[PDB]
Structure formats: C-alpha cells, structure tokens
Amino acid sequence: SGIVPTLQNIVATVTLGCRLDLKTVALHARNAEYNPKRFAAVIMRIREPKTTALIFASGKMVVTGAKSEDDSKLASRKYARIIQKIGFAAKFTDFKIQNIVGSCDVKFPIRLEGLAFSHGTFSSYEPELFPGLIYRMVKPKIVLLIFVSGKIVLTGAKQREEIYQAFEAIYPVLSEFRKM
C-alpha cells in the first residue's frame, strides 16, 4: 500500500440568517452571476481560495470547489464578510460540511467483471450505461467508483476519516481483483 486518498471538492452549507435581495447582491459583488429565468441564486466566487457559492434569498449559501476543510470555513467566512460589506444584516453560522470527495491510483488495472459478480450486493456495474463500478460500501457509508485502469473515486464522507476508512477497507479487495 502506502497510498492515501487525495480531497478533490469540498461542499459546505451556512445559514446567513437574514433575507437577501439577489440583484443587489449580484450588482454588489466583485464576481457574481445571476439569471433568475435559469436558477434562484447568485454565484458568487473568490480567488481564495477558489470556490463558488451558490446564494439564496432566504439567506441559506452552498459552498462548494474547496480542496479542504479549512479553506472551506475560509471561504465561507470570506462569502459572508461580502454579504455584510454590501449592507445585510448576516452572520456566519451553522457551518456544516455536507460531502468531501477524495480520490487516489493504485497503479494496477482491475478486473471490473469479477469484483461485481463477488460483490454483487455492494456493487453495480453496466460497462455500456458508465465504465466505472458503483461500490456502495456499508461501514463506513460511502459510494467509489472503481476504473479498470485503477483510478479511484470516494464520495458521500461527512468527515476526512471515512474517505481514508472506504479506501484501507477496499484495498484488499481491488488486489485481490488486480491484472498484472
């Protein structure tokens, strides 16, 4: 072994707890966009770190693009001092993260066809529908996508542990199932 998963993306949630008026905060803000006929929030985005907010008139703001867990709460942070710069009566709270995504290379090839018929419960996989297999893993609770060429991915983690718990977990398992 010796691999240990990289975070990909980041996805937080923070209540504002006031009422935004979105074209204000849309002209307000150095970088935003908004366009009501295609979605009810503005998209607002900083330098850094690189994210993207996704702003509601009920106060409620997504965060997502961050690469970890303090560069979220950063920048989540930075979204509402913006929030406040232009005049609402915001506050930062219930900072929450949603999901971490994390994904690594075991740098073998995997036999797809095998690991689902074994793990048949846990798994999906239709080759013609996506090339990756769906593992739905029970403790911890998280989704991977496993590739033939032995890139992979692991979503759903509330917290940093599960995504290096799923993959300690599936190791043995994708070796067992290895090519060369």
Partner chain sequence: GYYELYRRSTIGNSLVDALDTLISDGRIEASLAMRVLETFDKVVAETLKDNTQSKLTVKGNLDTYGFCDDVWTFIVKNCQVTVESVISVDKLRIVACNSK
Contents of the next structure:
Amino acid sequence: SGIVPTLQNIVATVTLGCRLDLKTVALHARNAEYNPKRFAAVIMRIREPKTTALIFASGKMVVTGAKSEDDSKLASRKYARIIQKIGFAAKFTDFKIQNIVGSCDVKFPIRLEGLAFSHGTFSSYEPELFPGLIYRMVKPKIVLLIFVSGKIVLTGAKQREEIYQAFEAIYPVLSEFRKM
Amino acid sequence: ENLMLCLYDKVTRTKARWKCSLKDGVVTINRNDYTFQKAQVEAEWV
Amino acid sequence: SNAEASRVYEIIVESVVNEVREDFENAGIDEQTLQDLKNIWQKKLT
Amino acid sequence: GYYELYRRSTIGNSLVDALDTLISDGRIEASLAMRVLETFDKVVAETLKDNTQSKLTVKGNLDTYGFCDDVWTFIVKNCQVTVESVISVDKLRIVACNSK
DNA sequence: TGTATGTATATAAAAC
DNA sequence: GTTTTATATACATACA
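Take the protein just shown as the form solved without its partner chain and give its structure as the form solved in complex with its partner chain.
Okay, now the whole complex, with that chain kicking things off.
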C-alpha cells in the first residue's frame, strides 16, 4: 500500500561509564528534576531534539520521545556532554534503541468484534475496558492497537522496518473487516 | 529584580504546559511590590 | 503599584520590632538602638 | 521551621542591611541580629498567610524550570501578570518552597 | 448544559 | 510505581 506508518516515539539506552551524584547534576543542570521520594533518577529535558532523559546514579540513562534514529542518538549525545561539562567523567557507550512506536490511518471504519473472532489467537477486544483491539503479531514481534475509526498504533519494534512490515501484514485483514 | 518568593501547593505538567498553584508570597515586578494570598501560573515550555 | 503591599510591610516592621524588643532588652543594648533599627530599616525600604 | 527565603525580598534585604550597619557602624550585638532575622522569618510567614487578599495570575513562556530539595525554580519570559490590573514582565524568576 | 481540564482504562521498552 | 507516544472511551469536577 502507499500508506507508510509515521514514527512517533523512540526509547534508547546509553551507558555513561561512571557513577553520578544526582543532586550535583540537578543543582547544575537547567531543566532538571530530582525527587528521590518519587523516582530515583534525575529527569532532564532539552528542546532540540525535543526529548526527555532519565539519568541514573549508576551512569545509566534512558532517552525518550525522539521520532527518528538520528534524533534519538543526537539528543543522547547532548545529555552526555551536559553531564560531562558538569564535571563527571562520562562516556557515550552502548547506545541502543529499545523500542519504536508508529501509527497510521487507513481511512475506513473497522469491524472489531469480527476481527477479534476470526483472529482470536492474537486478538484481545474488551471495548468496555479499552476501545481498541490489542493485536499481538508473531511475525514481526509487534503489538498493534486497532480502532474502529481505522487508526492504527504499532509498537514494540527494535527497528523501523518491523513497524513497516507489521502494517503490510495487517492491511489485508483491515480491508477484510472494513465496516461501511 | 523581578523575583517572586512564595510557597507551592501543586505543580503539574501535560506535554509542554505547566501549571502552578502558589500561595502566601511577595513579588517585585518592574520596581513595584505586590503581596498575594494565591497565584496561578500557566506557562508553556518548548 | 500596590497598597496591600505597603500595609503588609508596615505590619511586618511593627510586628518584628515589638517582638525583638525582649531580646533587645535582654542583651541590654538600647531602646533607642531598636528605634534606630526601625528607622534605618524603614529608610532603606523607602 | 520557617524558611529563610523571604530575606531575599525587598523588605528582607533592607532588614539585613540595617542590621549589618548596626553591627559594623556601631558596636551593636551581632548574634542578636540573627535572633531578629529568625523573628523576621516567622512574621513574614504569618503576615503573608493572614494579612493578604490578592490573587495573581502569571501567563507566559517557560524559559527554565527546576526541582531539588523541596524547592521549585521557574523563570518565566514575556509574561502578563494580573492582580486581582495587567502588568507585563520580560523576565520573572519564581522560587517556591513546599507548603507541607 | 455546554466547553474545559482532569482521572482511569491498554501497548512496548529500558533504567532504579 | 517513572517517562514517552500514538489511539479512544467513560467518568469526574469546574466554570459561566
């Protein structure tokens, strides 16, 4: 199809290689939060790339919200420099994209109950609990959120081609259960 | 020099929109001083 | 510009001075020294 | 108890300056100056609690925020402030301590 | 009694 | 339990 899912979020991990004093980081980094009574990490944000970082005492870090592999790595590097400039002997090691989320619109209503019954082995649909159908694909190990409006959410990918392939696999099934 | 000293009741955020419920404070804005019981802050981060 | 501010400020000066008087008298300093503190503080404050 | 943040206010600095003078300029008992400031901290707190009516509204761009040790710091740019009048400020710094 | 925000529900993933 | 993102329902407080 000429429909290609749009990437909405990417999560990554990086090892800085040193231990950090979270309070020092907090007191010296702009736009940073540190509340050990809520979450044992420093939450830090930057505008470009617009992302959020969970920095830890172990030197472990998680970066979220990026919409491209390039942005994800770039932001991660920015947080790294900021930590280094504060005085910590940080390094940028083992950068790894752990999850990629995507979404698309097929532009036609979908018969969810029908979809669920035909593909019961993969489908979960309790509209009273949640309005979308939870379809767990085995092929590319991807989880899709199918809605009666024709909008799709695809998540759990290590690389974008998985999101892409997961949609190409599901598309025929969507046409198969089009409600019009 | 445009400094507000006070207490916070609640601070929240949704996307880049922050809201703050401030109490019992004093501010100096443009060489003038104000004292307040309550204050609400609606600010958009980028 | 605010009036409540000046009123609050007045309450603060008057309230602090009278409370501080005990300690001032304990330290055997001087009632007129307390009066000076009041006048200078209010002077700086303008 | 009682935070010392209000010493940074116009009225707080003025007090500091007055006392510093009595100490240096004169021979007025220091340490007592501290006693006075301890009184200041409490008074400003109760006064701002029991003797205020104004409600303020600040709207603008959030240039910077931050949290550490029960203190929130915000720096609002290009903001309009509403008293109960509408005032505009290029840059406003806000420091808030936990009410609890 | 609408327009607003809020809560909640459900998905992947890492770090503590 | 935190943080991020698409998506969609009910429900719950407010506000003039």
